[PDB]
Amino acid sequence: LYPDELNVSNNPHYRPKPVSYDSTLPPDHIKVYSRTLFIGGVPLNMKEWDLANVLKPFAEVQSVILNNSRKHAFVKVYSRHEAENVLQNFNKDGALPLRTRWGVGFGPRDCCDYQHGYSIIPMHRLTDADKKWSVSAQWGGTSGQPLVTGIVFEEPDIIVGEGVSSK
């Protein structure tokens, strides 16, 4: 891929990819923190670039999927910290009609706690591509560490060509 698409220290979108292990998770389950925000009430005149720019003080945006007719978007930012920063501080005045909350970017929707923005996922409910992306993604994921019971990581990037998803 191109150098801008690589999570490396000379890239200005470089982010560390924290991985931890949680002994409370059930057997053959993993924990994944979302980096994806669901934004509803997107004005009709507002496009992908507008959403990216209005969020820039709080978080650098990686991708936007905007359904303009339905007036909502899914916005993936480069790190979990940045996503939490958005929910904590963005549009607290209600100056814009945008309502922001946790989205799911990875794994089945029914595994997600939408209040806290993470999923406890049984490994059998991941596809082969989900598992591959979890370990080999540029942003999020485990950075080569294999998936085992208890592992905790940030939402990994997924690649549209290369597999079906549990999402």
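Residues that one form lacks are left out of the comparison. Between two forms, the rigid core is the largest collection of C-alphas that superpose within 1.5 Å. Residue numbers count along the first chain shown, from 1. What changes on going to the form solved in complex with the RNA:
After superposition on the rigid core, a single segment of 3 or more consecutive residues displaced by 2 Å or more at every C-alpha between these two forms is found, at 1 to 4.
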Second form
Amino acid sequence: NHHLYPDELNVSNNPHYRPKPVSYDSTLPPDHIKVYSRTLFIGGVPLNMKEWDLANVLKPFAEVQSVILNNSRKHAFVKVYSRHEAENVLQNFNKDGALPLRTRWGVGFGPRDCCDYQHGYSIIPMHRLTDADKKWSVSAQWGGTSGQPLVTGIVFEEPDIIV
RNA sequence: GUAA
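Just the form solved without the RNA so far, so send over the form solved in complex with the RNA.
Time for the whole complex; same chain goes first.
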């Protein structure tokens, strides 16, 4: 809907193919999970710049999956295909300060109040997920667990949702 | 300028 390519699938023959790293963290509290954001907040977006312009300035550092842009408020939310690519953008993109773009972490999944915006992950109690959040976590194309069920300590990348 |  807000994705560049709507119906696409996370498979070998897509050049957008990414693995789904799942790990387990024994320090998380009971019935809690950890989700790494794939969503970037971009502020200072000039009025003349549109969705395609943002996708293209980031292309050297990351393949962009979706852009949601509010030109009036001069910010956008950009989802990239993997955590690694998001981390890559935050270090290496616009180091010179040429573009007026301020790049920070955003949240695409779970409640805002569970997100550490400095490190870009959410420690979420399972009771705060909706039924849809649970479904998307296991069944999403990019991110999620790829069938592995949700249990205490599980760590995955932000799953695609449906909005 | 942290949203759907």
